[PDB]
Amino acid sequence: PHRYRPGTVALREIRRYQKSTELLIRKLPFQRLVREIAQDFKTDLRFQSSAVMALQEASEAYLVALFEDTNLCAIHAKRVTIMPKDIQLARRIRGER
Amino acid sequence: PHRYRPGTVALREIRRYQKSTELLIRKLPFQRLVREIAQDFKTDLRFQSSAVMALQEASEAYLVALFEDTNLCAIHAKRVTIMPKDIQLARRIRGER
Amino acid sequence: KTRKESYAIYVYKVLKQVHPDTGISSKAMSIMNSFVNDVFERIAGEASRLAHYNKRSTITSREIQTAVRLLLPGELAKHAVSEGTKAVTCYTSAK
Amino acid sequence: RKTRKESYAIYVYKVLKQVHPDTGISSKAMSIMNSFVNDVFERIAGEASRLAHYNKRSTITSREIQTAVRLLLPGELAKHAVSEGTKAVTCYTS
Amino acid sequence: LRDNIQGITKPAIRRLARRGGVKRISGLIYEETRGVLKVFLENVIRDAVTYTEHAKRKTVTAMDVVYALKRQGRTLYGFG
Amino acid sequence: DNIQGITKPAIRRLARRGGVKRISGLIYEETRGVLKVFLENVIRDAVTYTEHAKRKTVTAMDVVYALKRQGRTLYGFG
Amino acid sequence: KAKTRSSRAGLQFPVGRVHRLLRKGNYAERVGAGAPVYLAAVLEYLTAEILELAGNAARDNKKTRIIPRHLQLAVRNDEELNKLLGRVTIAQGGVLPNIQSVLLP
Amino acid sequence: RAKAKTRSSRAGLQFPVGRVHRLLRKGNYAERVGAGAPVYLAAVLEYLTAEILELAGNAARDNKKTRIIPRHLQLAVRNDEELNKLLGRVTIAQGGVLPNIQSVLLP
Numbered sequence: 039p040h041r042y043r044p045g046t047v048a049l050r051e052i053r054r055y056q057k058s059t060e061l062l063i064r065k066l067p068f069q070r071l072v073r074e075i076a077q078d079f080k081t082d083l084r085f086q087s088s089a090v091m092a093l094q095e096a097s098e099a100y101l102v103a104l105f106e107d108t109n110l111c112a113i114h115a116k117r118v119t120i121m122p123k124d125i126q127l128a129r130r131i132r133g134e135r
Numbered sequence: 039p040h041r042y043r044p045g046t047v048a049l050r051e052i053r054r055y056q057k058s059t060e061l062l063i064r065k066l067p068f069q070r071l072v073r074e075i076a077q078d079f080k081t082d083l084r085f086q087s088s089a090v091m092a093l094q095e096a097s098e099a100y101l102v103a104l105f106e107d108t109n110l111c112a113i114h115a116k117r118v119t120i121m122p123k124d125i126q127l128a129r130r131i132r133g134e135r
Numbered sequence: 032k033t034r035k036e037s038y039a040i041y042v043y044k045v046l047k048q049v050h051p052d053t054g055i056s057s058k059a060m061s062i063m064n065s066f067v068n069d070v071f072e073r074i075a076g077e078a079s080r081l082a083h084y085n086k087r088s089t090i091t092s093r094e095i096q097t098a099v100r101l102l103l104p105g106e107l108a109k110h111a112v113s114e115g116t117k118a119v120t121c122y123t124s125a126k
Numbered sequence: 031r032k033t034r035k036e037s038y039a040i041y042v043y044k045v046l047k048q049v050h051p052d053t054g055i056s057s058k059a060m061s062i063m064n065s066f067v068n069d070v071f072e073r074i075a076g077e078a079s080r081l082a083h084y085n086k087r088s089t090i091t092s093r094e095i096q097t098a099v100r101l102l103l104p105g106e107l108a109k110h111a112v113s114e115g116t117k118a119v120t121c122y123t124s
Numbered sequence: 023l024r025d026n027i028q029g030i031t032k033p034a035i036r037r038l039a040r041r042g043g044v045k046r047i048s049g050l051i052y053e054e055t056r057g058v059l060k061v062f063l064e065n066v067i068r069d070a071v072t073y074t075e076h077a078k079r080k081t082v083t084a085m086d087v088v089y090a091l092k093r094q095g096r097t098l099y100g101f102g
Numbered sequence: 025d026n027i028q029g030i031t032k033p034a035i036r037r038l039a040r041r042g043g044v045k046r047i048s049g050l051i052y053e054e055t056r057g058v059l060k061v062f063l064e065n066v067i068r069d070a071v072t073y074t075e076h077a078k079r080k081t082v083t084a085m086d087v088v089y090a091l092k093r094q095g096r097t098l099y100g101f102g
Numbered sequence: 014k015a016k017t018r019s020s021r022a023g024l025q026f027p028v029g030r031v032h033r034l035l036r037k038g039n040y041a042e043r044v045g046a047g048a049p050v051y052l053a054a055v056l057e058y059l060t061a062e063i064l065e066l067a068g069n070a071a072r073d074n075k076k077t078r079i080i081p082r083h084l085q086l087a088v089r090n091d092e093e094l095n096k097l098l099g100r101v102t103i104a105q106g107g108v109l110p111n112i113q114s115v116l117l118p
Numbered sequence: 012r013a014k015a016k017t018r019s020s021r022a023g024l025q026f027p028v029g030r031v032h033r034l035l036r037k038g039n040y041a042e043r044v045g046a047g048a049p050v051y052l053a054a055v056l057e058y059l060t061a062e063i064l065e066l067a068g069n070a071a072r073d074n075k076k077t078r079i080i081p082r083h084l085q086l087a088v089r090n091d092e093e094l095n096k097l098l099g100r101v102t103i104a105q106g107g108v109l110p111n112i113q114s115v116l117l118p
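These protein sequences, in sequence, are chains E, U, V, C, R, A, H and G. One rule links them: number in the UniProt record's numbering = place in the first sequence (from 1) + 38. One rule links them: number in the UniProt record's numbering = place in the second sequence (from 1) + 38. One rule links them: number in the UniProt record's numbering = place in the third sequence (from 1) + 31. One rule links them: number in the UniProt record's numbering = place in the fourth sequence (from 1) + 30. One rule links them: number in the UniProt record's numbering = place in the fifth sequence (from 1) + 22. One rule links them: number in the UniProt record's numbering = place in the sixth sequence (from 1) + 24. One rule links them: number in the UniProt record's numbering = place in the seventh sequence (from 1) + 13. One rule links them: number in the UniProt record's numbering = place in the eighth sequence (from 1) + 11.
For the record, the hints were derived by calculation from the structure and aren't laboratory data. Do not rely on the hints blindly, as some may be mistaken.
Restraint-style ranges between C-beta atoms, simulated for each label pair [as the list claims (entries may be wrong)]: (1) G:92 / V:88: 32 to 38 Å; (2) U:133 / A:48: 23 to 29 Å; (3) A:31 / R:48: 41 to 47 Å; (4) G:14 / C:104: 38 to 44 Å; (5) R:102 / E:64: 41 to 47 Å.
Cut-off 25 Å, straight-line C-alpha distance, at most; resulting in silico cross-link-like pairs (BS3-like, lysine-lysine) [what the hints assert, rightly or not]: (6) V:44 / V:117; (7) U:80 / A:60; (8) A:92 / A:78; (9) E:80 / R:78; (10) G:37 / H:37; (11) H:76 / V:44; (12) H:96 / V:35; (13) C:117 / C:44; (14) H:16 / H:37; (15) V:126 / H:76; (16) C:44 / G:16; (17) C:58 / U:65; (18) A:78 / C:32; (19) H:37 / V:35; (20) V:47 / H:16; (21) R:92 / H:96; (22) V:86 / A:80; (23) C:117 / G:75.
Where chain R lies over chain E, by a calculated footprint (3+ residues, C-beta under 8 Å) [what the hints assert, rightly or not]: (24) 43–51; (25) 61–71; (26) 85–93; (27) 98–108; (28) 117–125.
Every residue, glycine too, gets a C-beta built ideally from N, C-alpha and C.
Just need the whole structure built from these sequences, with the hints factored in.
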């Protein structure tokens, strides 16, 4: 019977995830991804643990900043929903593509 | 009697100024601007001529690149006319303000 | 059993001067160590390029001062110049 | 009588007369080419110095120069620059 | 190996987008984001493996990752 | 004072080289503000290099070194 | 007789180690006398400014121990420190609480 | 006491090897400088110089000219993909731009 109006749980999840500091990706799938796309550069490498933790920190920070600039592009187009051409505009103004 | 439809002279001036390589600002007013806003850092400076030419080259290149990114923002908003909030969006995504 | 030098005890002393009743964890001490090494290498490299541009062979306090004025923004740069000049004066007068 | 100015004008002119035998070059383009050679020299030399400092060495050998070229140039251009350098060192020794 | 770009699931991109401050998300953002992340990780892994091969080792340490990111123009405090 | 010497047809020519079809009427004041901020940040470092070298003349190499510190690297002037 | 240089200049950072790291790391051929004293004074000032801003946030969250979240908030709320540490990622730091106004009901 | 042969001729180059070795010794990079390092570096600098002058001479021929002015260097760098990635944050004086009009602006 009780349901929230759509948008409310989105706003309180925004507050909940901007309050904390943790890793937001599972770490065994990320470790498998790193070892796989490192396998095409040198066969039988042997990572440490702090190397994979440093890569996960850097990747998470990059994606969060890209989503902030994407959100500003989508607000500039007088919308709310984010579309992939906003990502393309952000990465081309910034100087990456 | 004869008049062009509005847009035609704009397009051929775009072609004409993208074909040439010259300075697009008069240089005695630019020299007066440089000496004035340098007067508030050290009294009685004494510029060369190649210093003012280097500053004019660098300033012209900066403004042309800013107008290209502004034009992409205005096309993203489904318009043609460039407005100053496009300039603000470009300079804030880029990392300047 | 091999030595590795850091800036831990000095950051601890500065913290006990500004806030006498607080502590710091190990991760934040690692972050402060990285910050001090970063700013050191940045100022030293700028002073070296000044000394190379002017065809000289000596890094002095005037090169360090001009590197600080080029690297830091305004109010922070003015207070850093004041602190460094006060330290050099108190070092030469206590020769 | 003036003070001498070392440059790279005559060597760029030699390379141009190898690659296009009936083509000249003006003054401003020669100045741009001189600035380009100085820029690329300082990038590769600085990166090789930083590698030799990371690995606790006191010597810049040709292996540091090779790794700096490989870090700093993009793709196929690095693939051909490595070949040119190795070929010149091999011809220099014998 | 063909998977593990699929292992970055689709509540995880949602959580990253909400830390970024995003209220409503389309349904093509998922594949676009996976492409972006794979390109970034390839450019960092390549330089880390270059430093490791020059040092004549077989393990990728944390400092090689730090030096690679510092070359990219992205400093990282806390692992040195 | 002299920022009004960057006239209305000159900004229009820079916009035409940028590839701009149609321009509003507040771009001129916005553009004068942008150009003034850029020139302040470059001339500050050029005057700092000149003051360290014990001179009274601003040379072209000081401008090149300041622009290289900004991350811009002009070729053609020494 | 053995007094340190740091006690002579009235500082907390070492001056001998800064002089060793200047002579050892290939910056120039000679290194003067006031250069490590000036540089140790500058580094001490910057460290004191960062930690003074961080301890206040550790008070505001009612703690007696500084963590990287408190360092993150202290850096990113200040103005000139945010321009000095412009493109720098601090590990385990998070973001600032920002919500756009057109998204609010 | 023999006949002097410069180190450029011994390797088959055109750039100098002695000047590069001096500029590495007098430039504060490391303490000791090996033997093959200036030969390797002069080979790399000659390769990049020839690679850019090829394309600049081709553009100068296509514009019905004999000499090379900075416009041809601009066109040569900005049309290649990898020279554009190398010289990405670089302003070439008296160079201009590339012709590019967006699609939605022309009728």
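Hint by hint, here is what the structure shows:
1. At about 43 Å, the beta-carbon gap between residue 92 of chain G and residue 88 of chain V misses the expected band of 32 to 38 Å.
2. At roughly 25 Å, the beta-carbon separation of residue 133 of chain U and residue 48 of chain A lies within the given 23 to 29 Å, and the hint holds.
3. The supplied range of 41 to 47 Å is met by residue 31 of chain A and residue 48 of chain R, whose beta-carbon atoms lie about 45 Å from each other.
4. Between residue 14 of chain G and residue 104 of chain C the beta carbons are some 43 Å apart, a value that agrees with the proposed interval 38 to 44 Å.
5. For the pair residue 102 of chain R and residue 64 of chain E, the beta carbons lie near 26 Å from each other, so the given range of 41 to 47 Å is not met.
6. Taking the CA atoms of residue 44 of chain V and residue 117 of chain V, the gap is near 20 Å; set against the 25 Å cutoff, the hint holds.
7. Restraint check: the Cα-Cα separation between residue 80 of chain U and residue 60 of chain A comes to about 18 Å, which is no more than 25 Å; the hinted pair holds.
8. For the proposed pair residue 92 of chain A and residue 78 of chain A, the alpha carbon gap of about 21 Å is at most 25 Å, so the pair holds.
9. With a C-alpha separation of about 13 Å, the suggested pair residue 80 of chain E and residue 78 of chain R falls inside the 25 Å cut-off, and the hint holds.
10. Proximity of residue 37 of chain G to residue 37 of chain H is assessed by CA-CA distance (about 17 Å); at most 25 Å being required, the pair is judged to hold.
11. Between residue 76 of chain H and residue 44 of chain V, the direct Cα distance comes to roughly 20 Å. Compliance with the 25 Å bound is thereby established for this hinted pair.
12. The hinted pair formed by residue 96 of chain H and residue 35 of chain V fails the criterion: a straight-line CA distance of about 31 Å is larger than 25 Å.
13. Distance hint between residue 117 of chain C and residue 44 of chain C is fulfilled; the C-alpha atoms sit about 20 Å from each other, no more than 25 Å.
14. About 23 Å separates the Cα atoms of residue 16 of chain H and residue 37 of chain H, which keeps this hinted pair within 25 Å; it holds.
15. Annotation: proposed proximity of residue 126 of chain V to residue 76 of chain H is violated, straight-line Cα distance about 44 Å (limit 25 Å).
16. At roughly 19 Å between alpha-carbon atoms, residue 44 of chain C and residue 16 of chain G fall within 25 Å of each other, so this suggested pair holds.
17. With a CA separation close to 20 Å, the supplied pair residue 58 of chain C and residue 65 of chain U stays within the 25 Å bound.
18. For the given pair, residue 78 of chain A sits about 23 Å from residue 32 of chain C by alpha-carbon distance, which is consistent with the 25 Å threshold.
19. At most 25 Å may separate the alpha-carbon atoms for a hinted pair to count; residue 37 of chain H and residue 35 of chain V meet this at roughly 16 Å.
20. Using a Cα cut-off of 25 Å, the hinted pair residue 47 of chain V and residue 16 of chain H holds, with the two alpha carbons roughly 23 Å apart.
21. Distance check on the hinted pair: residue 92 of chain R and residue 96 of chain H sit about 18 Å apart at the alpha-carbon level, within 25 Å; holds.
22. The straight-line distance between the Cα atoms of residue 86 of chain V and residue 80 of chain A is roughly 18 Å, inside the 25 Å bound, and the hint therefore holds.
23. Distance check on the hinted pair: residue 117 of chain C and residue 75 of chain G sit about 37 Å apart at the alpha-carbon level, beyond 25 Å; violated.
24. For a cut-off of 8 Å, the count of residues in the region 43–51 of chain E with a CB near a CB of chain R stands at 4, and the three-residue condition holds.
25. Under a criterion of three residues with beta carbons nearer than 8 Å to beta carbons of chain R, the stated coverage of the region 61–71 of chain E is upheld, 7 such residues being counted.
26. Three residues within the 8 Å Cβ limit are the bar, and the region 85–93 of chain E against chain R gives 7, so the coverage statement holds.
27. Given as covered by chain R, the region 98–108 of chain E passes the check, having 9 residues with a CB less than 8 Å from a CB of that chain where 3 are the minimum.
28. With 6 residues bearing a CB less than 8 Å from a CB of chain R, the region 117–125 of chain E meets the requirement of three and the coverage assertion stands.
When each numbered hint is compared with the structure, violations occur for hints 1, 5, 12, 15 and 23.
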